[PDB]
Amino acid sequence: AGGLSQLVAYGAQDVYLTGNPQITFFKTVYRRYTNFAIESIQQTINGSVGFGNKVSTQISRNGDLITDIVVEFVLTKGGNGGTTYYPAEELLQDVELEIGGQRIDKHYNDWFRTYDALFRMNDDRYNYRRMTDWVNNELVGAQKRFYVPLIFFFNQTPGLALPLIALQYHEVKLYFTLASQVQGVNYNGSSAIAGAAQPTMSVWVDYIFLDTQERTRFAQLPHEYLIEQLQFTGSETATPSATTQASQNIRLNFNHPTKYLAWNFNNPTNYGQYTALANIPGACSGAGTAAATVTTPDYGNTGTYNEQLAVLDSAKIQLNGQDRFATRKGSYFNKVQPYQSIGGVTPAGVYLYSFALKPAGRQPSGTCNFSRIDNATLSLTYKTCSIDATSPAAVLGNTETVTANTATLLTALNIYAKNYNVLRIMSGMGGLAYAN
Amino acid sequence: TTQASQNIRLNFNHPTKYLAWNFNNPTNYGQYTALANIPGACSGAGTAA
Amino acid sequence: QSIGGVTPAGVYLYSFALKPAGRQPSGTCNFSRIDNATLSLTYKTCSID
Amino acid sequence: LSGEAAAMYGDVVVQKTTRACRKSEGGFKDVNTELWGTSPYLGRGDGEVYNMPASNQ
Numbered sequence: 002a003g004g005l006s007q008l009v010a011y012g013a014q015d016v017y018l019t020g021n022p023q024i025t026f027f028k029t030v031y032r033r034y035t036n037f038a039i040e041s042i043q044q045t046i047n048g049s050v051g052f053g054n055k056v057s058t059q060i061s062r063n064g065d066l067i068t069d070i071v072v073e074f075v076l077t078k079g080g081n082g083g084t085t086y087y088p089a090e091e092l093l094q095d096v097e098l099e100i101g102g103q104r105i106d107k108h109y110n111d112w113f114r115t116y117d118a119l120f121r122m123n124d125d126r127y128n129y130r131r132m133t134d135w136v137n138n139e140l141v142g143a144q145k146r147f148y149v150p151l152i153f154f155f156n157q158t159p160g161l162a163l164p165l166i167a168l169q170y171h172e173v174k175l176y177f178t179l180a181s182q183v184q185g186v187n188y189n190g191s192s193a194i195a196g197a198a199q200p201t202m203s204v205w206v207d208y209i210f211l212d213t214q215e216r217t218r219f220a221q222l223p224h225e226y227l228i229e230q231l232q233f234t235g236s237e238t239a240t241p242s243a244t245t246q247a248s249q250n251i252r253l254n255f256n257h258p259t260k261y262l263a264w265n266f267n268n269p270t271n272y273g274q275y276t277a278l279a280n281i282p283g284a285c286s287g288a289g290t291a292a293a294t295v296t297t298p299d300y301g302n303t304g305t306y307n308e309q310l311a312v313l314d315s316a317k318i319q320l321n322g323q324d325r326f327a328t329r330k331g332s333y334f335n336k337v338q339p340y341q342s343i344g345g346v347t348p349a350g351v352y353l354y355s356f357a358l359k360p361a362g363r364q365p366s367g368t369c370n371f372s373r374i375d376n377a378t379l380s381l382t383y384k385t386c387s388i389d390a391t392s393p394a395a396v397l398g399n400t401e402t403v404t405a406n407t408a409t410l411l412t413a414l415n416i417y418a419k420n421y422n423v424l425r426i427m428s429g430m431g432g433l434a435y436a437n
Numbered sequence: 244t245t246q247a248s249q250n251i252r253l254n255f256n257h258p259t260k261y262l263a264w265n266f267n268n269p270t271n272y273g274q275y276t277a278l279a280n281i282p283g284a285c286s287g288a289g290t291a292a
Numbered sequence: 341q342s343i344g345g346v347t348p349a350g351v352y353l354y355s356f357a358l359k360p361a362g363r364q365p366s367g368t369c370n371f372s373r374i375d376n377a378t379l380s381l382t383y384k385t386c387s388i389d
Numbered sequence: 058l059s060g061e062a063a064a065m066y067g068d069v070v071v072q073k074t075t076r077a078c079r080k081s082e083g084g085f086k087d088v089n090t091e092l093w094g095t096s097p098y099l100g101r102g103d104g105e106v107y108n109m110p111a112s113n114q
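In the order they appear, the protein sequences are chains P, D, L and Y. Each number in the authors' numbering corresponds to the 1-based position in the first sequence with 1 added. Each number in the authors' numbering corresponds to the 1-based position in the second sequence with 243 added. Each number in the authors' numbering corresponds to the 1-based position in the third sequence with 340 added. Each number in the authors' numbering corresponds to the 1-based position in the fourth sequence with 57 added.
Rather than coming from a laboratory, the hints here were simulated on the basis of the structure. Hints are supplied without guarantee of correctness; some may be wrong.
[Stated by the list, open to error] Which residues of chain Y face chain L? A few of them, derived with a C-beta cut under 10 Å, are: (1) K73; (2) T74; (3) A77; (4) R79; (5) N89; (6) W93; (7) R101.
[As the list claims (entries may be wrong)] Mimicking SDA-like on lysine to any residue, the simulated pairs with C-alpha atoms at most 20 Å apart in a straight line are: (8) P:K317 / P:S248; (9) L:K359 / D:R252; (10) P:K317 / P:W205; (11) Y:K80 / P:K336; (12) Y:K80 / P:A197; (13) P:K174 / Y:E61; (14) P:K336 / P:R126; (15) P:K107 / P:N123; (16) Y:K80 / P:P241; (17) Y:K86 / L:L353; (18) D:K260 / L:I388; (19) P:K317 / P:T245; (20) D:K260 / L:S372; (21) D:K260 / L:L358; (22) D:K260 / P:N254; (23) P:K55 / P:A197; (24) Y:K86 / P:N254; (25) Y:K80 / D:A279; (26) L:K384 / D:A279; (27) Y:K80 / P:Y435; (28) Y:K80 / P:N321; (29) Y:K73 / L:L358; (30) Y:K80 / L:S372; (31) Y:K80 / P:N254; (32) D:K260 / L:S387; (33) L:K384 / D:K260; (34) Y:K80 / P:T368; (35) D:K260 / L:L353.
Just so it is clear, CB atoms sit at the ideal spot from N, CA and C, and this is done for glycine as well.
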């Protein structure tokens with residue numbers, strides 16, 4: 002009777018489960034850790050802050066380690082509710098990481114918008130928006146501060162925290178480029194918003210302060226950190242309206258052991274628009290009413306999960322002119338690769354193909370080494386963009402190989418590669434092991 | 244008004260006997276030339292249709 | 341010169357081989373030692389009605 | 058070409074390969090040299106290496 006009726010019923014099939022036991026679940030052994038304290042302070046930013054301006058900051062070496070860096074913005078919304086879409090990361094047009102004036106990485110606003118499309122999932126992506134957008138139907142004139150966390154190699158795991166102790170000579174600094182146009186703040190479509198305020202910003206750097214037994218160790222021992230890099234340049238596509246499904250061979254120019262490739266198609270005039278506009282709910286401004294127009298999004302709903310509005314029909318990647326895998330339709334890279342590799346939901350228009358079992362983690366799990374590969378190509382086939390975007394009967398009622406006529410505006414192609422490198426710190430001098 | 248040109252980068256390896264190519268109309272299998280209102284060159288060629 | 345037949349318009353061939361129609365190797369372009377191979381094309385202007 | 062010049066033709070006139078790594082099975086094994094600032098400023102900060110106990114105290 003009770004649990005013991007199950008417990009005593011020990012048998013042949015238990016000899017490999019509980020016979021000669023190795024662990025017990027009901028007594029945890031904890032590890033003792035080195036003393037540290039977490040403190041984040043403001044850095045001083047060099048240069049004039051504003052739309053279209055470039056600024057930089059050099060990180061004071063107050064701490065031992067650098068972990069998370071958050072770029073803080075204050076903005077006043079220049080439009081009404083629903084006219085913005087993650088404006089905080091639009092403003093942060095890009096960030097470049099240098100250690101001692103030597104490039105380590107560089108991220109772009111479209112990447113930030115692609116990263117939470119792929120790797121930041123559940124509550125943290127909603128909270129990410131809470132930190133980057135107006136999410137409560139706020140009205141014009143509302144002002145709030147935004148928190149845009151950076152995602153360089155050193156902040157998502159304390160294990161790769163940047164070693165200032167051991168970097169006596171290479172001073173770490175960040176360059177920021179600010180966007181000239183932010184939708185719903187400074188511009189509404191292509192039209193400037195009169196009276197729009199200039200943003201003000203500060204950068205918080207999370208310093209770790211260590212004790213004396215370990216701080217001594219850091220300054221004396223050589224270090225090698227296994228770190229990540231982002232590789233990027235853009236290109237344009239040819240998207241037909243009728244009679245054909247166009248092909249396009251986009252040559253890849255990547256180096257280093259790459260864990261994954263990811264890409265999107267967008268309308269370069271509307272930040273984050275990775276799908277066609279249509280006269281259906283949330284798919285364009287005024288959707289569902291007589292005032293509906295399919296040239297301008299209902300911006301706060303720019304992101305969708307309706308792959309019917311995505312331009313890509315199929316994609317294949319070749320390695321040295323040979324197929325790396327057989328051709329897949331576009332929804333495979335949007336739904337299945339992130340299911341098998343990440344475990345989240347990717348919005349329509351964003352695609353990922355992994356070489357890694359778990360690319361979300363930092364423990365290497367399979368990579369494609371593009372520095373030992375002669376050539377690699379991303380071969381695309383597009384959907385025929387023959388569906389009148391303004392007719393829900395046709396937008397919601399058609400075949401897989403066709404999409405809306407407004408998909409022809411998704412001319413900007415962004416192919417990203419996420420790779421490994423090694424950060425070497427030798428007697429106070431820092432730099433990277435491989436320059437490819 | 245113009246004669247456009249392309250520089251197509253090739254992805255080949257191994258001892259090659261020859262390179263061959265054609266300019267296809269993806270919508271009409273095996274069509275490698277222009278169509279015209281002359282015999283055998285388009286549907287209905289030579290007639291009002 | 342290389343085959344001895346008539347090739348329909350729109351299909352083009354350049355051989356490296358003296359007898360590409362056969363199997364006995366008769367000259368090859370080994371692209372394993374050619375790092376950048378490019379095919380440059382110029383088009384005719386499509387101005388005829 | 059003379060009878061004699063012809064043997065030398067091959068050896069001298071015909072161009073030699075400048076890139077012979079086949080981009081594989083070998084490849085550009087040499088072209089990956091480290092990025093590191095080629096001698097940084099060693100003034101402010103050098104004491105954490107040689108005078109470290111003073112910093113910790």
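Q) Of the hints stated earlier, which fail here? A) Of the numbered hints given earlier, those the structure breaks are 1, 5, 6, 7, 9, 10, 11, 12, 13, 15, 16, 17, 18, 22, 25, 29, 32 and 33, listed in rising order.
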